[PDB]
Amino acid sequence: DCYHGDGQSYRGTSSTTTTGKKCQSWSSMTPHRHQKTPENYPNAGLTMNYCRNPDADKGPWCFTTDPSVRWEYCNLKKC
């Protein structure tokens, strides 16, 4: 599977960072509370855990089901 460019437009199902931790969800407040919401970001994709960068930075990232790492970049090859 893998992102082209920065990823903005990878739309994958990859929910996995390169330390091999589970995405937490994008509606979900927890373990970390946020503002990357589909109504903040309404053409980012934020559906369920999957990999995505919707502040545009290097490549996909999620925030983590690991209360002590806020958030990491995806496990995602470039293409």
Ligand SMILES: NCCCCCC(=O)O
Contents of the next structure:
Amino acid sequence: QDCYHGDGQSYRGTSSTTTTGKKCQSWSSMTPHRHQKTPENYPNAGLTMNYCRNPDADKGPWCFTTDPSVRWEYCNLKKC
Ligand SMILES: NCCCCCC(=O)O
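Form deposited without this ligand done; form solved in complex with this ligand now:
First the chain shown before, then all remaining chains and molecules of the complex.
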């Protein structure tokens, strides 16, 4: 099962697609979106490849988007 539990900071699945069906930008890529959500900045977060994560304590997993126009979105993951 690829779901999450409550806030999903726990998650470590390899779901890398947006809520709207967009590819997730890779965490360390500063293209298209430059940001500070790097493993250098969050060594415990699991800010690997381009999978949905929660380095910020948000309500659920998300990622930056490869759509230059859409900086970030929630992930297409379910609460389990
Ligand atoms: N936690 C949801 C919003 C992500 C904001 C990304 C930021 O620009 O650092």
